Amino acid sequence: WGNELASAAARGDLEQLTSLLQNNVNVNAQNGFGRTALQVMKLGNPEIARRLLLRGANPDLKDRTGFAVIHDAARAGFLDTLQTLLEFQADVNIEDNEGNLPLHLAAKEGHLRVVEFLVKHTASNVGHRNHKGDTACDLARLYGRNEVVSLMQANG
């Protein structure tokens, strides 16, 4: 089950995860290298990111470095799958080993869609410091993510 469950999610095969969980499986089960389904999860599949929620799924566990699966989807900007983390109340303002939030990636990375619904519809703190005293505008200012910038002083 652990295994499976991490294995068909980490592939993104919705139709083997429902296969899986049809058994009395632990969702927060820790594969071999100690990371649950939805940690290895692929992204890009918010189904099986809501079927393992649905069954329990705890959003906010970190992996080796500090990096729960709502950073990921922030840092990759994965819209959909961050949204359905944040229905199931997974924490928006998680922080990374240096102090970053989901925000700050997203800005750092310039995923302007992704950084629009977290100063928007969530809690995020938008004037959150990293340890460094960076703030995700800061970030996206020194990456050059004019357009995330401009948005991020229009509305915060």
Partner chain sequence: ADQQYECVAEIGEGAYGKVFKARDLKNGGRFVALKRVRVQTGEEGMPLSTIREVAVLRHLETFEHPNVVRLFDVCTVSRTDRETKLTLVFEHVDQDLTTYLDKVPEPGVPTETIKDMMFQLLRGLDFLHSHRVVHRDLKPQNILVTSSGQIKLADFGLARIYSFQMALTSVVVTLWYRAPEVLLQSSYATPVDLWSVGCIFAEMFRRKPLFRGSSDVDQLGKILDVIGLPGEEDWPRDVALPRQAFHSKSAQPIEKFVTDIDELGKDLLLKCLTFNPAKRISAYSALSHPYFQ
Contents of the next structure:
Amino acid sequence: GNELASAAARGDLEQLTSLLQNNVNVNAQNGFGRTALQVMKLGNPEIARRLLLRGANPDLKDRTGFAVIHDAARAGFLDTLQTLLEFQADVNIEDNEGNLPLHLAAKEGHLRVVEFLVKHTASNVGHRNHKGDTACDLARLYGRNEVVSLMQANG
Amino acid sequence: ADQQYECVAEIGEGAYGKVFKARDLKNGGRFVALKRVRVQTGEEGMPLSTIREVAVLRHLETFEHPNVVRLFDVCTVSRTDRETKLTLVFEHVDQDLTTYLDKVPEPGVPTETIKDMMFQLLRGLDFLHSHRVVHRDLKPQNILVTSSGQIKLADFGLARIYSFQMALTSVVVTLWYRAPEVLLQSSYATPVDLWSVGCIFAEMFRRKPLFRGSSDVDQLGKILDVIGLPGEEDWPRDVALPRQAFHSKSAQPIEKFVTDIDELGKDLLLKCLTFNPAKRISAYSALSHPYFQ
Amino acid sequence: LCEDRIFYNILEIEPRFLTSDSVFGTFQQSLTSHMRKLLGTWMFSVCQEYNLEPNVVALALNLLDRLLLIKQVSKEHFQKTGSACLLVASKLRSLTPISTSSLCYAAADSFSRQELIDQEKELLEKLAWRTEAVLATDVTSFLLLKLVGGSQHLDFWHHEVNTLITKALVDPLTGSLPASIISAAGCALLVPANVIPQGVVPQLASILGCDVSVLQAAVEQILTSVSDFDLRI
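I've shown you the form deposited without the partner chain. Could you give me the structure of the form solved in complex with the partner chain?
All chains and molecules follow, beginning with the one already shown.
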């Protein structure tokens, strides 16, 4: 419901955890059509882990076409992105413009996140989004040269 | 706006209205933070403070300091005469100092990171003071930390309550960073913020708060237990709680609590944690301290 | 080094509040530079009269002219608009914010209290609550200090220069210049050489980091503008 989502949003682990003991529905949307896992405080991997551990489905995308792994990848919160995968989140889930978390991490210059995706995930690199671009292309199109290099020094 | 910004979650509500998490639909739906207030129309028109506060935010934004949270926009929605829904849009960082500190592996935060964050913190703080702005509520949950490791000063107006186990009492965490002049209801000037920097500084090492008081008289004591009773010359004149109100306090070596801090770190730390506000270091001075080399 | 650093930064922001005299016979259409000079002097009256700090006029004029850069204002409402600027400007700068009723009054009661309030809401919306600006009056002190070295006199001249500054601002041409320039130019025109260490212009020019010729041009211009000021209705 709504209090679970807000607790996830303000990152109140304490409060979130009570709510999760009442056999509530972790996947229910709040008044904004979003779920607790989706609006959660990205810098807190534990918020994610507990929700996942209670059934939260990682691959649900909102009205705007995003999944948590997209926003985490876009913010460069690798640990959270990693605990997400740890619970079977799909690395190649695309947003509504055909993006992968990788695209967004690349587009944002998060080198240690690109590093990880490229070398330790099934992240389909060559994937081209709806504009025909690639993660590496976007890095190029955005100046994330440092990222471009590493990326191509690998793929 | 209000068709460009799409709310996804309410974070809370406090002194600045309600705080939400929303998507910026004109920048790829990236997360952005919003503050919403219901402004009351007077027979004098728009309330002074409302105007003044938005004025100052908009104005400091001009300078675009890297260590202060960006203010992207200001949207207005006039209901009737008596009401106007005012909305401030800011950059959003899904992590604050607290969520970071109590997440680091066991060894603790790298001493070099503590320095870097601490430098940025005083950087943005110096910027505010130099433009005659006092934060007055510097608490770690108002200190944003990007995954990049960048510090951005916020001010959500949201209180957090902490409940003491055995005592069955509670406090608003900000109390733990409140400077003595403030606790003694004496002066409320700019040095006020330096005392908090000092508390936050110490917390980076401890990854646990330094002075966890249960009241303001309790807090005062927790402080004097560590820094020691100030001398007659350093206690505020004409104040409700006299120097005599607190029995003899030695002055334990700060490192006894801010474990693993270094010699120069200790020096800076105590210059912030200096009782007499007039002898407390300044953000600008601290910034020039040999700790930062 | 507190002073010197704020100054340096204020200078970068500065251009952000620049306005332009060029608006009238084109984007404005219904309004003319002279009508603005009239409205402006009336505003000046209401102020220095109803006991407001010079800052209030300086800002009220900046809002009015920044507003005229994005909104076409009619002749019938020019005045009311100048009033809203006065209201907002003092709400932001005077310990004694002037009242709506007080304004509607001096306005020959030509507009309603509601109507002035609706213009305030309007003004705030077009400018998106960006109501503060680096003013030429805001700079005069720091400069006046580097000239009149000590502290003595620093208050007579400050209030003097700023009064000139406001008069120069009633003229829309002045608004095309940086706060720093208008400010130094003003100092240069009043402060006598006997109250200063050791030229004045090359000294200020050195501080602003501009050319002596540039500052002189500004002096020259502002001198003209100030001369035209005349409170005769």
